[PDB]
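Colleague: Starting from the known structure of chain A, arrange chains B, C, D and E with the ligands on it as the hints suggest.
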Amino acid sequence: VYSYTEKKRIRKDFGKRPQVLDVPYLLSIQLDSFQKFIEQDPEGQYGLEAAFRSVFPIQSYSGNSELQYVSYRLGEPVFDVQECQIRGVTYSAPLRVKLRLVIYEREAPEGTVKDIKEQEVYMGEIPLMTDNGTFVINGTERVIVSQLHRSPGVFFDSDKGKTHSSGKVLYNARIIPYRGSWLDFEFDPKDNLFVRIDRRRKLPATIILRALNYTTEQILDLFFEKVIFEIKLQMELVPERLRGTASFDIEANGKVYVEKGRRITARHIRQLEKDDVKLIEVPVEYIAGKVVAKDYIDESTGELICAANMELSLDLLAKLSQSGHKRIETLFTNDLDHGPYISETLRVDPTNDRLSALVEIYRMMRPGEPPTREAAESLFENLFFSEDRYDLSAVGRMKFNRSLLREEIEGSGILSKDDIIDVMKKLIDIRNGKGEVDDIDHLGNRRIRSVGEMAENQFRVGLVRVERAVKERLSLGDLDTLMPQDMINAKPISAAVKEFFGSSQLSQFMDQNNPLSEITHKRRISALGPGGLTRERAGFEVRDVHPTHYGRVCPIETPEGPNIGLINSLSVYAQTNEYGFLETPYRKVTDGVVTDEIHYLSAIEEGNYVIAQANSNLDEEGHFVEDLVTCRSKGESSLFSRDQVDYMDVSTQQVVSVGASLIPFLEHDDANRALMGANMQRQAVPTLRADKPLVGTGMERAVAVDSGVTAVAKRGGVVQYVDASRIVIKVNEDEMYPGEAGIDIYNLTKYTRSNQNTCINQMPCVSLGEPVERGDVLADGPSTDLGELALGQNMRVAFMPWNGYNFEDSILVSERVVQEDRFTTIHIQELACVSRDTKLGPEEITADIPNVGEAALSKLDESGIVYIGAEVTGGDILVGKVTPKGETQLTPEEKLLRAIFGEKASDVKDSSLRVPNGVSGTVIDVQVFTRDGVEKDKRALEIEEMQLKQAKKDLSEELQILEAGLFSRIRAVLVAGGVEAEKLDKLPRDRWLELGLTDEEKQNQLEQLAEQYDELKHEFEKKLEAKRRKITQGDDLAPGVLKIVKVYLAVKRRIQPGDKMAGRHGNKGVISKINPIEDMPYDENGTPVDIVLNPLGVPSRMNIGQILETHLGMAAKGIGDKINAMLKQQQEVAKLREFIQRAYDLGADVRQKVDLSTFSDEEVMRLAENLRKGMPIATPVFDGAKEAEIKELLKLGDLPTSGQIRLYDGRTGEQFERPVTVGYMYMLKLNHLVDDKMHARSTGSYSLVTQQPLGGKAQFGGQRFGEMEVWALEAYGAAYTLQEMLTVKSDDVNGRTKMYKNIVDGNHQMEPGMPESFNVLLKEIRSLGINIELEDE
Amino acid sequence: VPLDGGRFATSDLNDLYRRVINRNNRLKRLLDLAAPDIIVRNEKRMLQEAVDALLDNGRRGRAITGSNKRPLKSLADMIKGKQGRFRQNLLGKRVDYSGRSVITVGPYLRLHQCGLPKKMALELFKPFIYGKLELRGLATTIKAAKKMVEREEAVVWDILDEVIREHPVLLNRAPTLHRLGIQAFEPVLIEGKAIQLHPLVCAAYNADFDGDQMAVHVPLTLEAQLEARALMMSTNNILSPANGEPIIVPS
Amino acid sequence: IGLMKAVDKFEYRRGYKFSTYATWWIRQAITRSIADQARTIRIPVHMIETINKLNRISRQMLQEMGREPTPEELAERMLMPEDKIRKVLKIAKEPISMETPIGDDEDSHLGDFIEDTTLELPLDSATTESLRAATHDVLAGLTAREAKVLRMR
Amino acid sequence: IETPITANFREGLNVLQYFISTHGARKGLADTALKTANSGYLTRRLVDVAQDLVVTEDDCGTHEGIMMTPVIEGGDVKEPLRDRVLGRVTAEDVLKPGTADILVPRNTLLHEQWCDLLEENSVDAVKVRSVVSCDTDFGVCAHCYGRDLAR
Amino acid sequence: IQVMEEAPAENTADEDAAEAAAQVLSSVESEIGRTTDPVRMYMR
Ligand SMILES: CCC[C@@H](C)[C@H]1CC[C@H]2[C@@H]3[C@H](O)C[C@@H]4C[C@H](O)CC[C@]4(C)[C@H]3C[C@H](O)[C@]12C
Ligand SMILES: CCC[C@@H](C)[C@H]1CC[C@H]2[C@@H]3[C@H](O)C[C@@H]4C[C@H](O)CC[C@]4(C)[C@H]3C[C@H](O)[C@]12C
Ligand SMILES: CCC[C@@H](C)[C@H]1CC[C@H]2[C@@H]3[C@H](O)C[C@@H]4C[C@H](O)CC[C@]4(C)[C@H]3C[C@H](O)[C@]12C
Ligand SMILES: [Mg+2]
Ligand SMILES: [Zn+2]
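If you read the protein sequences in the order shown, they are chains A, B, C, D and E. Adding 1 to a residue's 1-based position in the first sequence gives its number in this note's numbering. Adding 8 to a residue's 1-based position in the second sequence gives its number in this note's numbering. Adding 405 to a residue's 1-based position in the third sequence gives its number in this note's numbering. Adding 262 to a residue's 1-based position in the fourth sequence gives its number in this note's numbering. Adding 4 to a residue's 1-based position in the fifth sequence gives its number in this note's numbering.
Don't take each hint at face value.
Said to hold, decoys possible - With a straight-line Cα cutoff of 30 Å, these simulated DSS-like cross-link-like pairs (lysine-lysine) come out: (1) C/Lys-410 x A/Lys-492; (2) A/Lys-163 x A/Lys-472; (3) A/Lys-1258 x B/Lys-36; (4) A/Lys-492 x C/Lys-492; (5) B/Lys-90 x A/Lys-1047; (6) B/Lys-155 x A/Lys-1258.
What the hints contain is simulated information worked out from the structure, not anything from laboratory work.
Same shape as in the complex, but just chain A:
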C-alpha cells in the first residue's frame, strides 16, 4: 500500500535488510524538553512547578509572616510569530503567579492567623518555542543547543603513574552536586587520605570524621577489623586470617601443626580447620610490634596504662599482666591487601576533638576570622546537609547509590555520615586492588541538559534573588495593608531569562541555508557553554571517539577546526532517558528467535550484553543463519555462538547522523572525505527550481517532512481549492468533530528572507479535486521536490583532464548549464533608512534633494520613497533624506566662485539611502515605522490602508468559506429526517439556520439558544475585526529616531567563475570557466557533457563513492530515457507497465516489492511521466547496491556495463583515446559566492584613534599586512615597498594625502614621514613618568 505523495514517484530501493523500526521525529529532543518546562505538573517535579516549590514559601524573622505560592499561569502572547518577526520583538508569554500573604499574630505562633491576602503578580515574560523548535528573540529565529555535561555523583579516578617520578598511582574520589560544594578524598604519596573541601588546602581525612561526632574507637571499628589476645599468653586463632612469612609458625595442641620458616599454605589452613583450632600460644615478641585497640587503665590507681592506637611493647604487656588484664585487643593489617591508611591519618591528625576540627575548617575556608563554636558549627552544618545550599539531584542520588552498590534509586539530596563513610570505604578498597576506577568519557558518566532544564535553572536563579529581596523586605516592619505586589519587581526575575535566551553561548542564530542545516542545527550536542569545558583546556581525551558513542553520537559529523570533537550530532535513533543519558534501541533476541520488540538501552546498561550486528543474516522465521555470529561484547567485538546473544541492532543506519546518512555509498569513502562531505552538504543554497536526487539513500522524505518547510495535511480530505498562495481542504466525514465546519486552510509562505538572506518560498504540489490523506505534503518548501529533500542538481559529468581548466580542483561547466538556470539562486536583502532628531533639527525624508539633477529622482514617489517593483542598480537612491548642517566658512576661492555664479549654500546634507555598489535587484517590499508624535506621511497612510484592506479581505474570506462549508454540511445532514430537496434551494441562503426539524418544545428552546450562540459568534468576529484595525498603533522605535523605512531587494544570482561547487563525497571545487556548448566533449549521439571533472582527484582522496554514484546515476538516467521514448512514440500502457515493472523488480533479494498490477492506468501513466527524467534510486548507508546490481541495471538500459563510453573533442571532432567515464552526479552550489568575496579599496574612511584604514567590506577596509609578510619583504631587499606599506599606505596622516596628490599629478614619489602608531606610543610612554624624546640629528 503506497502513500498518495509517494505513489506519484516511487523511488527504487536496494537494501536487502528489512526495517523493524521506523525513523523517529527528528526534533523530539527540543520539543519534549520545553513541554516539560512550561506545563502544569500536579506532583511538581518538572519545570516551573519545581522551581516555585523549591523556593516558596518565604519566611521572615521569627515566622511572623509567611508568603505562600499557590499556582501560576501563562497569558496569551500579544503578538504572534509573524508579527513578532515583522515588528522585531520577542515572542513570549507573560508569567502570572497567584501568591498568598498570611500573617501570624501573637500568643500561639502555630494557630489562628490574622488575615490572608491573595493576589496575582506578573513576574516576567518567558519566551515561547515555535512548533519547529525555535525561538524568536528580537525578531530573529534562534536555536538553543543541548549540552553534554558530566553527571552529578561519585567518580573515582587516578593519576595513571603521572605527576609521580616514582610512577606510583594516586587515587582520588570527588562528589559533584548539581549545585553545592565539591567534597574530595585523595591519597598522598605517603599513603594518607586528605579531603579537599572546595579546591582549598587539603587536610587529613580523619578531621571530617571527627567533625561528624566520631571517636577514634568508632573510626577504627568502621575501617579496621579486630585481633583479640588473651592472658599463659593465649590468642584465639581464625584459620582464614593467617593466609600468609611468619615469625612463629604454630603451637596448637602442643604436638605439631607446621614447622617454622616455611610459609603457611592452603593445606595448612585445611588441616587447621579440619582439626578445629581455636586457641594457640605464641611468643611474647610476636606482639612486640602490634598496636593496642582500646584504652586500658589500671584499677589500682585509675591511671591510663595505654590508650587506643598505641604500639604495644613487652614492658606494657608485663604491666598489664601484673595489673590483672587478661583480654588484650589489637587490629589486623596485612600490607598486601587490608593495609593501614587510617592509622597513619590518625597519627598525623592535628585534631583530638570536634571543636578543634571545626575551627580548622573555619580557618581553611575563611581564614583570619575569630573562630566561634556556634559560628563554626553553623558553617559546617550549612556547607552540606542543608537543603538550600547543597542539592544532589535525583540523577546524582541514582549515580551515587549505584556507584556504591545500593538497592535504592530514590533518596535524599543532601549528604550524610553513611554516604561519606561508604565513599571512603570504596576508595580504600580501590587502593587495595578491589574494584576499578571510572572512565570520564564513558557516555554513562555524561548527561544532556536541553532548553527546558537550562531555562528552569536560570528561572530558579532569578527566583532565589527575588526571594532574598522579599525576605529582606519582610525583615523590617511587617505592616498590614501590604499586598504581595510592592515586594515583587519583575526586572530581576526577567533579567536571567532574557540574558539566557538572548546573549548566551548555547543560544545562537539558526542556520537557514536549507532544511538539512536547520535539522542538524537543532539536534546538536555541545560540550562547551556554562558548566562545561573550554577550548583551551579541553585536551584530546574528550575529543576522541569512544566505544560508547556507538549508536548515540555520530562519529563522522563534527566540525574541523579549533573545536573538533567538542560539538557532535545526535545519531538517527538515539534518544534520552528520564535522567538525561543517551540510549539507543536494540531488537530483543529470545533463546533463538529474534523478536520484534525493541528495548532502549543506555551506555552502561549495554556493557553487560552481547549485541549482534544489523548485517547479520536471519532466516524467514527469525533464526540466525550462520553458526557463529559477530557481536560486540563489553568493549570489543568477536564471534559468538548463535545461542548466546540477547540483542541485535535495529538498523544499519543507527550509527550515523541524519546528515551523514544522506551520502550514498558511504562505505566506499575515506572517513576524512565523509566528514568534509557532511559539512559541505550543510551549506548548499536552494535554487529557482528543485531537482530530486537520482541516487539517494531513502532518508530524503523523512528530513523533508520532519523540518516544517513543507505544508503537511493535518486531516485527510479532497482539495477544494488551490492557488499559488493558499490551499483549502474539505475534510472527510470520518474525522469531522461534529462542532466543526469541515474545512481547513493552509496559507503558504511566499518570497521571504531567511537568516542567510536567501529566499523562503512555498509552492503547492496538489491540484483541484485531488484526494489527500493525513501526512501528505501539500506545498514544497525550499529545497524539496514532491516531499523529498533536494539540495542540488543532477549534472552530466565526465572524468577527464581537458586542457588544464580543471587543474587542482577546478571545474569546467557548459553554457547550457547557465542558460537553463540550473544553479541560479534568489537572495533577498533588507536596507534601512533611519531619520533621527539631531541637535540642529530633525532630519526629513523628501524627494527634493540638493545637488541631484533629477536623474536619480525618477524612481522616487512624491513622498521620497522608491516605488515597489522598481529595478534598481548600484548607486540609485532608495529613500531620499536630508540632514540639517549649519555654517560652512567658504575658502577665499570658493567665495569668488559662488559670487561669479551667484550660487548660495544648500544648508542641508544629502544623507540618503542608496543601493550598495555592485547590487542590482527589484524592490519587492517597503515598510515604514513612525513614532507616535510624527505625521505619518502619505506613503505610510497608503501602506496602512493596504494592510487594513488585506486583513479585512483575508478575515472575510476565511469567514465566508467557513460559512460555505457549514451550509454545505448542514444541507448534507438535512438529506434525512424531514428532508426537503427541491424546495430546499428555493428559499434564500440566510434561511438555513431557521430550518425546522422533528416536532417538539425542547427543540425550540435549543433553536433559540443556537441563535443566541450564533449572534455571540458574530459579535466575537466583529470584535476581532475591531482589534485588527487597531494595529494602526504607533511603533516603539528606539530613542531619538523619528521614523524608519525598510526596503527589500530581491537579487537573482547566476553561476560564474569563482563560485564553489561540491558533491556529497567531500569533492569540492571552484568553477574556472564557462565553456561554449560546441567546445564540450560529446558522445556518438551528439549530447554534450554538462561538467568536466578531473580524475586525478580521486586516487589520492580515497572517496570512490563518487565513481559508483556516477555509474548508478548513468543507469538510472538510462531507465528514464527508455520511458521518454515509449511515452513520445505514444505506446500503450500494457508496454509501459511491463518495462516499469522489470526495473522495479531488478535486484538480488531486495526488500521492496512494487506491484504495478494494482495500479490503475491513469496511475501507471502519472508515474511514467514522473520517471521520464530518470528513475530515482535508494542506496542505504551500509546496505547499498552491489556493483553487480549496478551492472544489471545498466544492462536493463542499453548502456555499457563498464560505465565508460567514447567521447569526441568538440573543438576538433577527433575522438579521445581510452574511453572516459561519464554519468550523472548530484552537484551542490555551496554558499561561498565570489560576489560576496571580491573586495578592492583605493582610499576610504579611517579609524579615530589609530588613523589606520578601517577593516572589512562594509567599512570598505583594507588588507591586513602582518609580520610574516614583513619578513617576506625583508627576505627580498624590498625596503621601499615595506616603507610605503608601513607609512604612506596605512597611518602617515599627512604623507598619505601628499601621495594622492602626487599620483594624480603623474609624479610617483613619496615623502614618508613618521607613522602615527609611533607618535601615540611616545605620548603614552611620556604620560607615564618616563621621558622618551627624539634626539637631534
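Modeller: Relative to chain A, chains B, C, D and E with the ligands alone:
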C-alpha cells in the same frame, strides 16, 4: 566619541583619571579641615592606590572594574600585551590600495602574468586613472573624471588598459611561510570576479583551487615598482631559497 | 566628612541621640557624592532626583499594568508635559566601554570600528588645489589693477 | 589492533570497520593544527634570534673553515660530497689525491663544473669557508657565506 | 611557573628577577600579617 541614539563611547582612561582627580581633591579639602590623622592616612592610601591603578592596573592590588566586571585598561596595558602598540600596530596594520578575491586557474597565462578582474582594477588604480584622464583632456577637472569613471564610460577602459600596461601587482596567499608567498605579476584585465593564477606558481604558494583566496597590493612609488620588477617578479624566482632546486616544476 | 560636620554642629543640651544627629548628616553626604561624582557626565542633583522618581513611578505602573508604561502614561501618572519625560528618558546612561570585546574572529574591540568624521577626503584636497590654481589662470588673464582689486576684495 | 581491516574501498567497509577508521581520521585532523601552531613558534623564535644578520663585506680574508666529507651512517652513503660542497668557497687548496699539485687553488666558488672535476678525481674531503668562523665584525662576508641558492 | 589547574613554553627569566623573587618568597614565610588591601587595613 558620541554614537547613534545619544549613546557615548569612552576610553577606560577617563575613569582612572577621574578617580585620581576626585581623591586628590578630597585629600586637599580634608587637609584644610584638620581632620583626625586616621582619615588623612586613609585618603593618602586611596590616592596611592588610584595612581597605581592608572599607571598599571592590577599589578599589586587585585584589580579595578568599571560598569561591567571587566578590569579597566591602564596606560601600561596600552603598550604591553599581544595587542599593545609596541606589538600589533607598527608591523601588522591595514593598508590602502589592496583587495582580496578567489583564485582560478587561467592555464593560458605566461609565468610573469596574472589575470586581474577589470572591476577590482578600476578601483585599485583610481587616482592613476584620474591623473591620466586629466592629462589627455578627456576630463576638464578631477570631479569630472570622478563622474566619468563612476559612469564607466568607454574611454575609461582604454585609459585603464594604458595605466595597467607595465605595472606589477603583488599577490600574497594567507600563511606567508617563506618569501615565495609574495610575488609580483603583470596584470591582464579579465571579466569576472576571480583572480587567475598561473599553474606553475601554485607550488610556491601551496595553493589549490577549491576556495582559496589571495590578496593583491599595488606598488605606488617608482622604487617600489622597480623592486617588484627586479626583486619579486615571478620569473626571477624559479629556484627555492632553501635549496637551489627549481620550484617551478610541472605538478 | 559628614560625620565631622555633625560633631561640630551637635548640641547635647537638646539631648538628641548623636547616633541620630549623625545618621542623617552621614547619609546626606553619601548621597550628595553619589550624585556629584558617580557618572562620567555629571548630572545636576535635581535631574538625578527626577530620574529616580520616574524609575520608581514606572516600577509601580508596570506591576499594576503587567506591561511597561508608555511615555504618555508616565506623563499622566507624573506631573510632566510628556516631552520633558522623553528628554529625561534620553539623558544617555553611562558611556559604553570602548574596549568591550566584540570578537570571535580577530579579537577586535568596539573602539576599532568607530571612524573619524572630521577628515578631508583626498579627492577634496586635490580638488581644492585644482581650484586654487584655476583661479590663478582666469584671474591672471586680466590686467594688473583689476586682478589686485579682486585679490584684495 | 591485532585484527586488520581486510576490506578495501572498492568493496565496502562494514559498520565496525568504519567505526574503527573514524578514530584515525579525527586524530590526524586534530594533530595537523598542533603541528602548524608549533612550526610558527619555532620560526618566530629563529627570526627573533637571527633577524639583523646581513652580508656587509666582500672578503674577510680568513684561512679557516669546516672540513666537508660525505656523511655515512654505518652502511651506505646517504649524502655525497657534491650536495654538501656545491656553491661554497674553498679555504685551502684541494691537492690532487696524488699530492701532486693544486686542483682548485683557493677562494674558488665551487660551481657545477668544479664539483664534476672533484668527482672525476674522486676526492672526498674539501675544506670550505663557513659563516660560523668568519672574521667580519657585526656581519658576514660574501665569501664565507657562499652563493645565494635562489639566484 | 605554570599554575595550570590541571597537570601539563620556554624560559625567558633574568636571574636578577629570579634572585629577588626568591628573597621576597623567603620573607613571605617569615611574615605575620602582611595585608595589601586598603579596606582591610582601615578596619584594623
Ligand atoms: C462548495 C465549494 C465552495 C468553493 C468552490 C468556494 C466556496 C468559497 C470560495 C472561496 C471564497 O469565496 C473566498 C475566495 C473568493 C475569491 O473570489 C476566489 C478564491 C476564494 C478562496 C474562493 C474559491 C471557491 O470558489 C470557494 C472556495
Ligand atoms: C556579544 C558581542 C558584543 C557586542 C556585539 C555587543 C555587546 C554590547 C552591544 C552594545 C551595547 O548593548 C550598547 C549599545 C546598545 C545599542 O542598542 C546598540 C549599540 C550598542 C553599542 C550595542 C552593539 C553590540 O550588540 C554590542 C557592542
Ligand atoms: C561581529 C561584531 C558586530 C560589529 C561588527 C557590529 C556590531 C555593532 C556595530 C557597531 C554599533 O552599531 C555601534 C556603532 C554604530 C556606528 O554607526 C558604526 C560603528 C559602530 C561601532 C557599529 C560598527 C559594527 O557594525 C558593529 C561594531
Ligand atoms: Mg584549499
Ligand atoms: Zn668571512
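Colleague: Which hints from the list above does the structure break, by number from lowest to highest?
Modeller: 1, 2, 3, 5
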